[PDB]
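Quick setup: one chain, the form deposited in one PDB entry, written in structure tokens, and binding and motion questions come after.
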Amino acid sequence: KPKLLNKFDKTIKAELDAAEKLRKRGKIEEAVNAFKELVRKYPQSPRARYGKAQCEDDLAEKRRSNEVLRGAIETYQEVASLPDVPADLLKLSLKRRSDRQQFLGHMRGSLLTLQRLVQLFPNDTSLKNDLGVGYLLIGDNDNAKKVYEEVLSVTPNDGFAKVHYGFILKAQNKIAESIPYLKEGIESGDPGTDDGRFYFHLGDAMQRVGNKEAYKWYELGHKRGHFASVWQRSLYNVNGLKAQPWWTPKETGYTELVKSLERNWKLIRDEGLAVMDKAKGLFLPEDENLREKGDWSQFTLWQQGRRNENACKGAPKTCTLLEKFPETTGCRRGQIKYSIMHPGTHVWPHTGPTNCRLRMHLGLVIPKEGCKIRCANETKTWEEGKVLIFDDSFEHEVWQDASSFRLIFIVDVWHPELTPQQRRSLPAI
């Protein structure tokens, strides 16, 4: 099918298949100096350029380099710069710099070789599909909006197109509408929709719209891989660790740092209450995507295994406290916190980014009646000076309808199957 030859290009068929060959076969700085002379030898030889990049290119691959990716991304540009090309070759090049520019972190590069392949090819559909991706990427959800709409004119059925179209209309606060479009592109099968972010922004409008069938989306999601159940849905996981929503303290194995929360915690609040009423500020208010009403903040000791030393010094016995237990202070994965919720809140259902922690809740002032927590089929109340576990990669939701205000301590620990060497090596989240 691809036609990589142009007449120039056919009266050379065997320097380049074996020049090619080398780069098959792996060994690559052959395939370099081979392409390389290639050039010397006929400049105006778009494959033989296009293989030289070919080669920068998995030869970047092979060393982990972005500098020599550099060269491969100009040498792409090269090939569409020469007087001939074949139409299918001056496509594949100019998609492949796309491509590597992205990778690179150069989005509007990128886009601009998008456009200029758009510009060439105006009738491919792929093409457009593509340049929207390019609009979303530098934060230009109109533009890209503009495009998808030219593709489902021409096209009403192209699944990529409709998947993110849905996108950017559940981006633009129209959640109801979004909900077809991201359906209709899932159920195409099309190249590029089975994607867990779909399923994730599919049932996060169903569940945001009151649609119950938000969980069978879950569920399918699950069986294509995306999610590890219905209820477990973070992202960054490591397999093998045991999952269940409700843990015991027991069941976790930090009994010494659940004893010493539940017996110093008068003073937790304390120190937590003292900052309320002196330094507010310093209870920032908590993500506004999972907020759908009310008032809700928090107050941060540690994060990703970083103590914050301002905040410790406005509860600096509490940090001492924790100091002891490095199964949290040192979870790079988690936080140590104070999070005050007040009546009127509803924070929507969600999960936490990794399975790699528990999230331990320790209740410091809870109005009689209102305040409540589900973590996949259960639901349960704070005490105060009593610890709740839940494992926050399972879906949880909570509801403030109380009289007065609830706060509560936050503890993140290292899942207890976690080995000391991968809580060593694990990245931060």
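Positions refer to the first chain, counted from 1. What changes on going to the form deposited in another entry:
Hinge residue for the rigid-body motion between the two forms, chosen from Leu321, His226, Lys146, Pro326: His226.
We have the form deposited in one PDB entry; now please give the form deposited in another entry.
No partner chains or extra molecules come along with it, only the chain itself.
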């Protein structure tokens, strides 16, 4: 189907096919030497150059080598700099270049490549959609929003653009405005719209506005394989882990950690209160748009399994205590943090990102009435000096209607059924 051979390349098609046959047969080393010979003999051939890049790409996969892949990324760009490159080949080469740049985490480099593709092919709407993803990956929602507005101005029923536009609106707390874009985009069935993120945020947007249809989308997302259950909607999962909203210490196996937290809870409390009194700026407001109303801040000692040294200057005894427990300090998909919540606070129903952690709450200052936490269908309360444990990959919700502040200590642990091999290799969250 695609036209990849320019005038000269058609005259050397037999040599180009022989080299490509070696690549398809998995003889990568012979293939790179065949294409390097073609690039030597025909230095202007775009197909030979693209063959060299594809072989380096395959070699990077075989060796799991970032350095080899960086070579491929340069050769893909070289294809585009050659004379008389067929449009189909030019697009394929730069699209793979951007894709591999993103794989390596070169998000700035990928963005430049995507911008060049849109400049070269101004009528290709899918390339503009790819550029919007480039901005989303780097955290530039404003430019991403502009891109999808450009896409929807010419192709209003592009479902890929709709779900991404709706995602951005929702992330900007434009909850009502995001629902039709997310809903119409998923319903469009366009490639790229059957994605767990869009089911996740549509249902949540509906919940925030009181739309009872929300759980019909959770059930569908579960039916389509995006969620373990309609209750447990985390998207960064290891399949097969024991799934239940509430856990006892004995069930987790981390009874030594729990005993230490409960025996020593007052020192943890006292350091948290001292920061509240003398270093209040270390408590940072929650910034994930999870509050309907109220005040909620956190003072984080560990995140992604990394100790915050300056924070531990503010709670040195607590940090010294916790350092004995790698099941939490090494949990690279969790945090260790103080969490203060004040009256008038309602945290929206929401889900954490991963089923790979369990979340412990140690009560430090708990008002007698007005504070409670729901996980799945069960609501509980904290007690000073006592640990609660829940799987925050299940939907959970918090209320603070007391007449004074509520302070807890949050300690994430690896899910106990994750092997040591999984705990060292899982990407941090």
